[PDB]
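The chain below stands alone and is given in structure tokens; this is the form deposited in one PDB entry.
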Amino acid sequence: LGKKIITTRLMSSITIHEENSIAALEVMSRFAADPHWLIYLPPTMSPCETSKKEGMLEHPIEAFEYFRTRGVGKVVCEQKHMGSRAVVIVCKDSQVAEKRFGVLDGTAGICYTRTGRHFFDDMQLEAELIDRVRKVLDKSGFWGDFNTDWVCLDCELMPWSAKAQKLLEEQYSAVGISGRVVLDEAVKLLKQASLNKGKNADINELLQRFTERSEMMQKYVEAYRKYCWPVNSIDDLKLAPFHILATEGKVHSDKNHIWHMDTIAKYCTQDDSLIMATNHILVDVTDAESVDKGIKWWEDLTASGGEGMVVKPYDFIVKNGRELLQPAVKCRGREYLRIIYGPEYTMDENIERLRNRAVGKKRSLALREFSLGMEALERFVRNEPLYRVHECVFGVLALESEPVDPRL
């Protein structure tokens, strides 16, 4: 090909380089769902600046500052659950699907991942989850209230996908078993030498140091184990929508996140335990005691600890003048981050070097993807043809094949 130039309402010029274009074509053409359903792919999300509090790499104070210093006085903090991200689209019937999306295989809904591929291999499990979501939207009067035969939802899906839970076998536990055994043996040996007692080492410093390493490694192992439990049926899934993205005629990027939370709770979370309302608070980033509350709240979410919170501006799309701001900033839990920065990241000599991280590229990637997904929604809803929608969705894919710090 060459370079693809895409125009969006939020960024008039977004460039898709050939090599990102190719790298996407590979994964869009081989393993992806019916391109008719792909009206949206979620963006990657930036983290906060690093903290300086003791033992802390990410802390809510810097996420709050990001918005305060850019003139956003109100944020909505939403709980990050232990799960993948999944787009859920639900039609009333296969006739809606066929007529509105052009879907030709009789499917009445889809649940797909950020790569544009079915969350489930078992297609029956997909459809069972879709209609369960549909029954609820009936038992609330969604279709009527929104004057729509379809809905696109942005959601947390728990637990980890089956593909995701293999990493626990291929990777996480490998590090976990090797690290536990040797660090426990390291402590035992040093201890013995402690009692039977290049450059000079001190045995007791060594023992203390390896005692700390061993402890961090225990925590790491307890952190990943939680993400194991298999989907034997639909009663193992948990689903929490956080945006109503699109209904017939409208994109809901004008609606604030309280609206999204509340409106999802009334229409999608009533009388089923499979679809939950997400825990959230509102924080005034200008008030020390509102800020303090959000901190406490976050300390409690991650007490177990859960992954942390996603901090969003009050409105869906915000600008600081003409500069579009991040639609989201994650603040990840201290324990959870051992799964990302490694078992021993909280150790002093480590966390110190980790505090110097460059987030510029990642934020720039989150904004461009954010713009492209909004354009893809805005085009579908205004009934533009497939290629015009699809160039935006494919654009998201291509940018994701861009090299960036995997920990961010």
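Positions refer to the first chain, counted from 1. Superpose the two forms; the largest set of C-alphas matching within 1.5 Å is the rigid core. What changes on going to the form deposited in another entry:
- For the listed set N256, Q79, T269, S214, the sole C-alpha moving 2 Å or more between the two forms on a rigid core superposition is that of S214.
- With the core superposed, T115 shows a C-alpha displacement below 2 Å between the two forms.
- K163: CA moves 2 Å or more between the two forms after rigid-core fitting.
- Relative to the superposed rigid core, the position of the CA of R180 differs between the two forms by 2 Å or more.
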Given for the second form:
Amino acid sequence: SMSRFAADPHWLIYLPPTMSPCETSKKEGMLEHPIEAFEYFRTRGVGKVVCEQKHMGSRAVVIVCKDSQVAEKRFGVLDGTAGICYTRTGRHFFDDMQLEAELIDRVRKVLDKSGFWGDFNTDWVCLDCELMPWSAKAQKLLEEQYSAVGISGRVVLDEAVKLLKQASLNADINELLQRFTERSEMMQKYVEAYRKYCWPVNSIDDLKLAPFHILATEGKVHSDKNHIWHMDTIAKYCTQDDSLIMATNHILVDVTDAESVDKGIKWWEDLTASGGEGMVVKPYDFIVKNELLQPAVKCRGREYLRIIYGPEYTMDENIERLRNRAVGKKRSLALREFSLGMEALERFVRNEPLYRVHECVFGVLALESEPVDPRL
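Let me have the form deposited in another entry next, following on from the form deposited in one PDB entry.
Chain only, nothing else included.
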């Protein structure tokens, strides 16, 4: 939203794919539960899956070059910058070129620290990340309103139960419910606004950056490495010594073994019940087969979904079946977009002409115009 600057096309070597949850959990009062995501991957014979914490913010592709002379020779960028931080739609995340420049050099340092450039034999890197504008304004504004809906919501159930008992032996009650309605709808728009980055941050201290893929370095697309390699390699090479770049909370799960799977459901219920948005389940290996397999499945906590979905969180058999249809329509977009993204990277890495790279990149962008369920 404040992401309003178009980016130099020379930087757009990749666009992130969309993602979908699993078919509506058949648990009562639940729309998404870890068991479906797990089932999905067992049935298609995967066995080991990685569960990563679904950071609540915006997706951000981050490219970092050693210097501005690298963005010239390697990317063809001429405006004298040495990196970029763009959203899922090819726009600069930040309406502020300096804040961005600061974030970039900030990562550049931690890489310099970890001698990353040498060990990967590369003078540049592309990272797939979640960026969270966790400014104080935001935190407070979100928490207090959640609190408000929580209070007003209970005050409803309490006064309503009373009203029942007393009539088993109508004025303020709707006012307490109308109140709850507003508090909730407001809470909806807040998360909406926050996730699209409509509330700009003042300083780089209000930012948390959580990389979860190391997409590419000089002469290689690391789509062969597994998602633990990613988690670990990332955590080591660019999480140390900076509060701004954070390692991600994860857990390896054996979807065959009901022992790892129960520890998994627990782990999910924990961070889901301590504020987390949810988790993204990924097949231990980056690209998975037999048909292509979703590169990730989003499993989101009840509390989060109750906000996003609104009163239509609870649904009947037919509105449910529709969600399952939508889940399908999205799973296909996800696959197509995912392949385009991958090919795009591949092409760029082997030094093909940029129009070839963009053939794929703008392909992802094209597909993103296709209609889907925003709630998915």
